[PDB]
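One protein chain omitted, others in place.
Think of it as A, B and C in the order they're written, each chain with its own count starting at 1.
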Amino acid sequence: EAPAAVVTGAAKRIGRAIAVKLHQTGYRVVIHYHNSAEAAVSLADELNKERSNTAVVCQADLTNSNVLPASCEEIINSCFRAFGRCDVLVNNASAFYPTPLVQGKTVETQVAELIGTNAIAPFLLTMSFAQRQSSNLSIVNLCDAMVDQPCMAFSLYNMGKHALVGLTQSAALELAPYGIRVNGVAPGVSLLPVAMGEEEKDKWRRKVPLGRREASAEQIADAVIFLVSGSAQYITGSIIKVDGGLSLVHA
Amino acid sequence: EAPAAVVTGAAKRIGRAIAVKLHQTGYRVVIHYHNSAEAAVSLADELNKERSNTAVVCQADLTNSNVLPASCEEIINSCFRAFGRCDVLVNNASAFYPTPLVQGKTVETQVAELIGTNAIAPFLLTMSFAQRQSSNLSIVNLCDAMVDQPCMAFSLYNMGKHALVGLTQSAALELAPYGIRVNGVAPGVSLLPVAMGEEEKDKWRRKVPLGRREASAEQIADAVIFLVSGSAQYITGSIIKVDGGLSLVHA
Amino acid sequence: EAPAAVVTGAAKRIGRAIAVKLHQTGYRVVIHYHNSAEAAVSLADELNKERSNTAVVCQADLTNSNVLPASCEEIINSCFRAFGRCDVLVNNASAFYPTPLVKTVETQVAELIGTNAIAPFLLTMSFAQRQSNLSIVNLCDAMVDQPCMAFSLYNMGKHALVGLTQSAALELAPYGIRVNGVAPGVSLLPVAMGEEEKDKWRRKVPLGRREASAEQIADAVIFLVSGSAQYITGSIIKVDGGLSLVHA
Partner (left out) sequence: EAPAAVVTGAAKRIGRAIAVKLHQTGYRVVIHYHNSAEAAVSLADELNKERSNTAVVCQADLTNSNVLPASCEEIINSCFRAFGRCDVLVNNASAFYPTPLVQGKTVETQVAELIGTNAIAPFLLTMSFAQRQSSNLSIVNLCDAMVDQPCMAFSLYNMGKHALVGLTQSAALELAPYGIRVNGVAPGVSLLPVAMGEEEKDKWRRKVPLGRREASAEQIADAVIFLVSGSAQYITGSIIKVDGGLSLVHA
């Protein structure tokens, strides 16, 4: 039987590319999404057309709240319901926007979104994933190669991504006796924000030492595929930068 | 005029020793507390005996919630109302307990407490601190030297402390133009929990290369004193381990 | 045309596994050795049995000296001579023994810092100077911040190797040369080490309470040289079964 993977925030961009590659490697996939319903169902069709009964969608808001644990349990439950198993969790979904320290969402909303999506939901998902467990079980967290050289005024985002590092490490340690690996992949600049002006994009591109270009979504996914594969069986608690040297560049 | 400091969770143990030494150095202090009113009041009385009108207490729950921002703004305001100013914020209060990933606080409460005290309250206190602003303004976050070799099954605690490194860095960068420096002190093993058997304390003590003992609260306070002093005026984004070499010791 | 790879210290143990896998992936390989001539040649014989003229051996002391630069230049020339090209350099060779703070100490400097950092720097200079999917992989150490007691110089060499990884990644990026690392925790334990001291280390490893095989270290190396890692440079991948996460 074919193994199954959950990918959060998988309707578009990097998450989609991870879902597509996992699928091409032989996985059945839960394509989680929040707002991008059309793109998610569209991807599940593309996939199932290629191999029938291999992709389902699963809608969930991953903002922090008192129901997030239930929501996360349900994303995992959904994989077992469609496919009878859950081998791989990829925590990819993430909110990303500035939260300046000094002065239209309230600040409690900003905490819930940025820390929910980037850290707490991954914790809750990781918890449900393990509670529900030949086998090659692993988790891959989408981290950030620039965590120690952060975007200006992005303190909540950055705090989320730092937490995700801590979770990668704590979970690898605690879950290792159960044969579940936990690793990360840390893009530098990859697919840039849709809302970002083209001048800002180029300004980021020209900083990258390897090819003066952002990573493709496919390049991020390749690292993911490696970490879940048989060639990474002794790897746990590792975070692989996939940043073309960007974090190596001084101010 | 004497500068003023806020110390969170200042009733006991490390934060008390921090508030004491700060006061000894000529700071006026807001002693924040959650449940330990009697120790907090007793500390304020001892301090006011040394110098009249130099200590006040301030009670608040720092658990994450919709009211946390106002609570943190109110703690900063309390310093200004007492002393006319606020030069130093020390984020010391912290919840600490296991949150195993597998197998009666609900998990959303644990999240709120662990991530609220260790990370989100610090962020909101930082916001309110900066919003309200010779002078030497700084923030010191109480971090954790073992954050990359975490305690088994303390994943939410650990996630909190990592998020705290993130804030320390992100805030140093963003607040440096206001002349606010932001740093950390990272104990390894300091004062062990009150109930802990001495035999269990000895397992940790024995691990410490420098003296086979835990740091006193006073030794942790010394590093805070240094970070706030005129001797550290170019230091921001720095986290000083005060750990006796514990973090260098392999398994 | 098949790409070619230099592997230093490739007669035995992890270097041999890296060479074999590179060969199984389709590389032609230079098997560098210092004392292990017999083992180096039997590897090459075995590899050339699978495919003729795809494995050569290359001898050199990698101890720091006045002659090390030439020696390192020659290891690279030996790949160009055998195969017309050099696509991959694996810095694996390494001296490893204690140097307590309280052989002459100057010889320990020369071996431990020469093998672990200086020779890698010189091999990197020569690789780049003679210059598709080009990369260098350095064998680092996952325990480099929780070092073994009384192993200063080794630890200094492995920290230096981290710095070279980073500096060379940054500086060779414009030539399309990627520079990465693989950091074993505990893999094949030293031959001398007592079986009881071996079991103490095995017990510490969270993922399976066993060391990494050489093949597991090599898989990471294979990934790093592959078209699947074309945006990765200045990365060091730990392959340590979580050992580095385990507090004292």
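Keep in mind that, in the parts below, a residue touches a chain if its C-beta (ideal position, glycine included) is under 8 Å from a C-beta of that chain, and two chains touch if they have at least 3 such contacts.
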Q: Determine which one of C:172, C:183, C:186 or C:214 touches the chain that has been left out.
A: C:172
Q) Among B:102, B:152 or B:248, which residue is in touch with the absent chain? A) B:248
Q: Identify the residue among B:43, B:101 or B:172 that touches the chain left out of the display.
A: B:172
Q) Given the contact definition stated above, which residue among C:27, C:83, C:121 or C:223 touches the chain not shown here? A) C:121
**Q.** Sole residue of C:39, C:41 or C:162 that reaches the chain not shown, by the stated touch rule
**A.** C:162
Q) Tell me, which residues in chain B touch the chain that this view leaves out? A) 169, 172-173, 176-177, 179, 181, 209-211, 215-216, 219, 222-223, 225-226, 231-238, 240-245, 247-249
Q. Which chain C residues touch the hidden chain?
A. 64, 66, 68-69, 100-102, 104-106, 109, 113, 117-118, 121-122, 124-125, 128-129, 144-145, 147, 149-153, 155-164, 166-168, 170-172, 175
Q: Spell out, residue by residue, where the missing chain touches chain A.
A: 146, 148-151, 207, 246-251
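Note that in this section only the chains that are shown with their structure count from here on.
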**Q.** Centroid distance [mean C-alpha coordinates] between chain B and chain A, Å
**A.** 31
Q: Report the inter-chain centroid distance for chain B and chain C in whole angstrom, where each centroid is the mean of the CA atoms.
A: 44
Q) On chain B, where are the residues touching two or more other chains? A) 148, 150
